[PDB]
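A.B. asks: Each chain, letter by letter, is given below.
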Amino acid sequence: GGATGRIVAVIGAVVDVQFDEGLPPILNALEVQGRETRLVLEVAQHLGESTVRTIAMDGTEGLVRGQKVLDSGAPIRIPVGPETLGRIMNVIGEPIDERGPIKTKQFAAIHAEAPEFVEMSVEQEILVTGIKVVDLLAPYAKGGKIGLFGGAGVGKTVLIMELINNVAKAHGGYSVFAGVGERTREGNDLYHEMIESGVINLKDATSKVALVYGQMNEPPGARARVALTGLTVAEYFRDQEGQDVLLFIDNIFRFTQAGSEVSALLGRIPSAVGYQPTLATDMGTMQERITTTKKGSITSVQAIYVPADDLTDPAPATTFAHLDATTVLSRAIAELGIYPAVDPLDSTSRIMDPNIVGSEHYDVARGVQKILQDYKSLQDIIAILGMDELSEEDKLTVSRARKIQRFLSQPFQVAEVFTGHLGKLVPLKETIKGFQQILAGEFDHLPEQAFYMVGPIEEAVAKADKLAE
Amino acid sequence: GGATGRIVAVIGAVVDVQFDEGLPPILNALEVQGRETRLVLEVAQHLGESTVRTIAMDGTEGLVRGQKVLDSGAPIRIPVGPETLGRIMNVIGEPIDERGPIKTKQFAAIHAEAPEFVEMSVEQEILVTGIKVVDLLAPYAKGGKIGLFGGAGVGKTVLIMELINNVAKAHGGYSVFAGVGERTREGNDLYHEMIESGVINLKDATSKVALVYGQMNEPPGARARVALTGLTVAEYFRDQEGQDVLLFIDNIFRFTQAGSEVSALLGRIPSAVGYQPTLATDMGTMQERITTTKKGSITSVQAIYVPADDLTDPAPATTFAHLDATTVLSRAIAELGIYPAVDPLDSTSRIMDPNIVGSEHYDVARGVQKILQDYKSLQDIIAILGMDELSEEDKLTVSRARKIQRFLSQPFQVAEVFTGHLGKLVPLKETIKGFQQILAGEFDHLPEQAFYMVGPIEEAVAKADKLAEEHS
Amino acid sequence: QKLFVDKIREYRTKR
Amino acid sequence: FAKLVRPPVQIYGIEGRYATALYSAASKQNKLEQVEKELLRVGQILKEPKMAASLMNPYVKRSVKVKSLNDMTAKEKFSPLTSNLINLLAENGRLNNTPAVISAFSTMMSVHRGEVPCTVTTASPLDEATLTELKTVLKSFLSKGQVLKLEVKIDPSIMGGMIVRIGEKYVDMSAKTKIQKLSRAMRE
Amino acid sequence: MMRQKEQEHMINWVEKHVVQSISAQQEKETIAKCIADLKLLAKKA
Amino acid sequence: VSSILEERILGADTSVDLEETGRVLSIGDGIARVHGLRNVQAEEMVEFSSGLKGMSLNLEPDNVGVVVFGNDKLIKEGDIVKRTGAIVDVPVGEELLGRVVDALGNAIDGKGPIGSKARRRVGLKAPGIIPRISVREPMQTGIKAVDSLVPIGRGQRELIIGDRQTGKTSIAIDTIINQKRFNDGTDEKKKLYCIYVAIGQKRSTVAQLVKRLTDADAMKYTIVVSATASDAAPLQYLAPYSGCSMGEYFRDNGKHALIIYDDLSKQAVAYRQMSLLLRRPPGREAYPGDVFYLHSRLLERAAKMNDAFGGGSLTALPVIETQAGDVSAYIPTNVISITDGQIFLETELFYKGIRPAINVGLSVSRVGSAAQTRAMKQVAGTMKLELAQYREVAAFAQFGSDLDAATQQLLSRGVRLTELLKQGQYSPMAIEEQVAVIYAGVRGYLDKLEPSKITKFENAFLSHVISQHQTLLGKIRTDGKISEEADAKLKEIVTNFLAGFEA
Amino acid sequence: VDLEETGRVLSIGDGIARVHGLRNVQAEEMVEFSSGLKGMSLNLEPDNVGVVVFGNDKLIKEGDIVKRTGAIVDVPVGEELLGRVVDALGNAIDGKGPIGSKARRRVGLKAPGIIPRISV
Ligand SMILES: Nc1ncnc2c1ncn2[C@@H]1O[C@H](COP(=O)(O)OP(=O)(O)O)[C@@H](O)[C@H]1O
Ligand SMILES: Nc1ncnc2c1ncn2[C@@H]1O[C@H](COP(=O)(O)OP(=O)(O)O)[C@@H](O)[C@H]1O
Ligand SMILES: Nc1ncnc2c1ncn2[C@@H]1O[C@H](COP(=O)(O)OP(=O)(O)O)[C@@H](O)[C@H]1O
Ligand SMILES: [Mg+2]
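Protein chains in written order, with the entry's author numbering: chain D, 9 to 477; chain F, 9 to 480; chain L, 8 to 22; chain J, 1 to 188; chain K, 164 to 208; chain C, 8 to 510; chain B, 23 to 142.
Don't read these hints as lab results, they were simulated from the structure.
Only part of the chain B face toward chain F is listed, based on derived beta-carbon distances under 10 Å: (1) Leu44; (2) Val47; (3) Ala49; (4) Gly72; (5) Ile94; (6) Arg128; (7) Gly135; (8) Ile136; (9) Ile137; (10) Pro138; (11) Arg139.
All residues carry an ideal CB built from backbone N, CA and C; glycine is no exception.
Given only the sequences and the hints, what does the whole structure look like? Please build it.
C.D. replies: What follows is the structure in structure tokens.
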């Protein structure tokens, strides 16, 4: 099986290897020797005289024309078990936390089919994360593809820190982080914060998050397939562990960037805006592998970059097509000053139905969305003449909607250094009561800054008493 | 000496010449024989065996396949020296004014290397060109590259003729005009203007400006090598004579566009908007040779066409990168009636620095730009609503801004046929004093019609008094 | 040591 | 597919592809020098002006080209390797490329003999004792069991001389490049 | 600048004189040293 | 003369050796298809016989695309190309300080040869998650706006993005000129070795830049690396990797270093020229695929090192221009995506009057208050929140929507802090004067004081505090936090100076 | 017959007739198709000549015999073209009889230099 071949042409990832004795099928792993490290190749197309066109994951500074590769029968196999929890591995399967090897028994192959239609689960139960704008305007699903979009500087990483904290500590099962082209210091702060919070235990096997981290400066074969490594680890924690597992993939747009870079170099015609033609198919495979099945329950929060706040880029549009409950993280509401600058007027939910969550929660959510959507056209009425001629009731609903929009902001516990405020936790019933109490007309007299950075409605009462007297 | 090879493929400039024994290096000048006029080709790429891919500079008509070509073995050696002042030449070195051949002693090659970093002049004396908008907002650098951006019919050529008729009188240094891809009408008018103005002299050896013309009737290989011609003439007059030369190159987008046409024929992959991949470095070498050095001074005013008024086009963008004083001779300010329609916001100069131009000039210039930026925001509000929505502060800013924006305009000497006014040469201190008075707001009673095509501020006071008296 | 000793000799002659 | 028999020098391009196919076939059926001498005879044939004028010209109706080359094969009784080779080159229309595939397969067979294409520039017309001792030390210098095929060229420009390229390895004691190395040394 | 331009004049005259002499120098110890060098690379190869 | 003789005749070995070569096919436009190098390794420095290097990329079975380091006239078809034997490398030392070095190692400034000792491979792999530790030190720039809204960390990358002619290179040189007072001081942790990689600029701009740095006495932190316009496209391509390798040398020795990548879009366009000449398929705006991988390597070569790995930091700040402010173009989206800190200049504030022209809410520093001093953190968070409030209330009340006392308070404090953040060119100030002046602006005492009079307030206030309050500023900068006695003392001094300002 | 002065259309496609041989041709030359049509020989290549036609491609087959004229692209000219509708090549399409042109002006010469010009 271990058939040897010859590197004959080298451009980045895109490396042509000539086999004449044993030809590996597509999506495989070739071990290039001659390097002081190992080099791995993801085999793709076979062009002739048998030629695999592989994508090379480490930097190809120094590959000789005519080198010897070894061929194994692996799509790519990684160490996977309960041993790989407190340890950071990268896409080839190897630890980059400098703690020796990973001593496991069984491995796992990175490439598999999305399971079957008959194994798709059907239950939908609400997940409450403690965030206000999540809990009433786009609630999450235990067993659903949660996605949070945003540009650059809108607050996706601080939001994913708050979800990791506030959910991975409120979880008896396991966790899997996947840093897919995330910058190295933010993942380093993640690893040190995980150690100091205790979800990673460096002394024994009492950890419950498994970290797979491919840096943002790796060749595109190592920056596309590292998301699939996170999928494989979290599938094993869902397939035959028998455990509720959650996977945090930050930031699946490096996946599509990596695919567009190799498709520039592989010899495929550029599609629409400049990405690969196989965008929807490749991301359909790697987003339909990650879903809850009848064997186990897996919930996937995905931090998903959009380029310069352009939601009509085809890769965020197809990513919208794959989710269950998205959350837009705009920038304009942070130019206002609300953090994270969350758009719920562009956010979705499969979970938000009057039988699933309730009628009270649904009606206060649609009331908040109705009064914030009306505030836009009413604000454009304001923008020419001012607050003079609207009406009694029109100025009243403008001030009420502005008060709600200031009440959507919530101090994160992980972001007590950006604003200085300590940060609070808000249950679901308190969010329902607070927004129903602002819509009910109780707080028409308090100023807009009394509701700005608060938790419950009692915190808004206390801040109004502090500002007044 | 030379090597006889064979033309085997012909597209314009791009002529693939077969050499089997004597293939010459890149950037060579090799003449096609059997022709009426000498058909100098320029060797680039050797592509196969034998295959020099030459660019052909003249009439490609009649180039039979398999035609004998004599390789001379040098880059394009042209005449230089003091024997080229008052004498027109084109890119081969040939005199095209029908006075006779060049009687100079030495030849300089068209292709050269830039002056190194080791010896570069870093001093900046202010060039005051008698124009109010220039000397106020983007004053020129005596010894730096100056660029006149703008579209079609925006007044670039008229501004160049003002710059010759104003600055070229001052520099005793030998000037060099290079026309690249412009009207032959303008080169003709410029040649007779240089005769009549005494700047050249057809009966003596004491002329002052050399002329190179590669006008827009020429095939693209020719227009891709005119700036190199006039530039190595002016580079002779810098290095081996030590003079303070002026270099008036109109219109460097024709150089870049001829490069794009040739490269579309050269089989290179098209870059962005439709240009060549070598837009940064071909123009890079050509602009780095246009530099003031320790051995002498170049003050190079160059007009740079923009295609369809796009400043985001790659050739104007890299030319913004390669300059020391830009001037965005816009069109919309000529729709408003101001000539030249120099956008002064997007025009800057490297020399504007309070440790150079003084504190008074800097404060007046930045106040003028502040008032015009506030006027741009307020003209958004005015264009929607109207001027009856502004406060007293906003209306005094709008009124001072329209007064300043009319007072930037002046009549030039060369454009006296279009307007009625004579040529106004405004000194520097009168520009500072006039804009300082209008900015400080001592003229809140004169009409804005009194600042149009004026010059000095006393002419504005006199125009307002004459307007009131003719209404009296 | 063929060429550079001849160059040494010419360094002497220019010296 | 079938196991394509590896040629010693990978000549690339179209003509190298035809030549590697022909080499693998002739090495399966083990008649390599026979196919080489037959391709040399073909390359002698297709330089005749009547045959090459009939072949390079279009509007001689490709079926008639295939018929003419099959009749020329059946007249001079080629082996069943080069018969199907000339028929395949006629069917694909790359009869323009047949002297280049003959050159490429001749190169592959000359490496199959073991020759090394040695290049030497003495930069002066050298004598026979120099050539004898040079071939002696160079035959000792190359490898075991391989035969060299050397060529010499001259030019008065490069002073001194004796550059030797043997099998990509290029030893260079030319006086000009010695002055160039001392030139990079002296400018610093 | 004195030592710089004298250095440039010196180095260019040295190179020109080297071209002038070694362009007209042949006595076959060049070729003898070269075949000795091929012999030395043979012994070490 | 005689020393020149002996160094010429002893330095060159003339040690001839059998060596891999290959003849040259098409030498097109700086690219050369070379036939023969069957043992060349990918991206290797190789050498054309006229004495000029090239870099072997795009290894194909036909031929190797070597792209030349310089002029193209000096190469014919059919000449040899010798393998040097190693990856392209940069000679790095601390004797390379204060000397303009052409992009490989070749110091083209007329001050003798470089006394290098430590050769370094230029395409090295950046450190992983364990050798890095987070930002800790406050990388100060001397700009009030940068150090009070978007502060830099020693350990960090932070863009300077704008449009052309806005003040981005001037911000970079303010950042350079600030750090003189930390070099000539005492702590090694404060000291600065910076590398200014000028990509694709003109030689006279680099010459006047060296003039400004020499006149400001900057030439001991600084290492200027010029790959100008006349240099070849691989010299412009490879120059910021060279500056990164020099910064990595200082970082892995344990000295706090930085690199300013001036005009990083010129590297992007030079690599576009290289790919389109080596016949790679074009992607978007004719830039190829891996431009993000290019800048991603280049910019993730920098973060703070572990305390067991010397403790040296690197601060990458690349300067990037857009065209017509289009942030959505390919290179700005890629280079915003790789970096985290980014300083946005819109230009309408440059013509409106604030200098340096940070137009602001687009600009963000993700490390935030962690990269400030304790005093600036205690003062300037409410300033950022107030500027956010001011911007949004002025944006909807452009016409006078509703003016209570709160809205005129917001516009008053916002306009006054806007004129606080104005600062002249090439005048960086230390952190303690910034804490003093933003204390005088945010903590009252300036809210009703006629916004045209803020600049004379700045000048007379800095003159006052540098006149008889030097030891108190020493207390502020050495104690870290601004103490409560120093707080009430600053209150008293700003009140006394408000009297002397209305005197 | 002769590949020196005549040639055969290899592939007329969208607007280009790639004609084989035609060795005596020169660049930018009016070369006429035996369909009665004209064209101008543009880019010369070592295998073929790219002649762009002066009419529709419908009238031209493959292998239709192409013949050189012997002169660069011209148009008939003179005062005998006054009063008259001509085609772009010079043929009178007004139907009132042929033209009486004697001279023959080349269609692609250069504009005059800056000296034979004088201003308006
Ligand atoms: N709850 C919050 N409170 C204050 N600031 C926040 C909050 N959430 C996000 N931010 C801001 O978001 C920025 C971090 O952005 P980041 O998430 O790293 O970018 P991206 O969204 O592209 O991943 C910081 O400047 C921080 O101030
Ligand atoms: N000072 C001026 N006064 C009046 N008209 C002017 C002035 N400057 C330029 N123009 C107008 O601009 C035109 C000249 O533009 P020009 O520079 O020749 O176009 P191009 O930029 O294509 O060369 C003239 O028609 C003239 O009407
Ligand atoms: N703080 C400042 N005060 C005054 N002028 C400034 C300041 N900062 C920048 N400038 C202006 O910015 C210009 C330089 O811009 P620069 O940084 O060179 O942009 P680019 O590098 O894109 O050309 C100078 O003309 C200078 O007047
Ligand atoms: Mg700059």
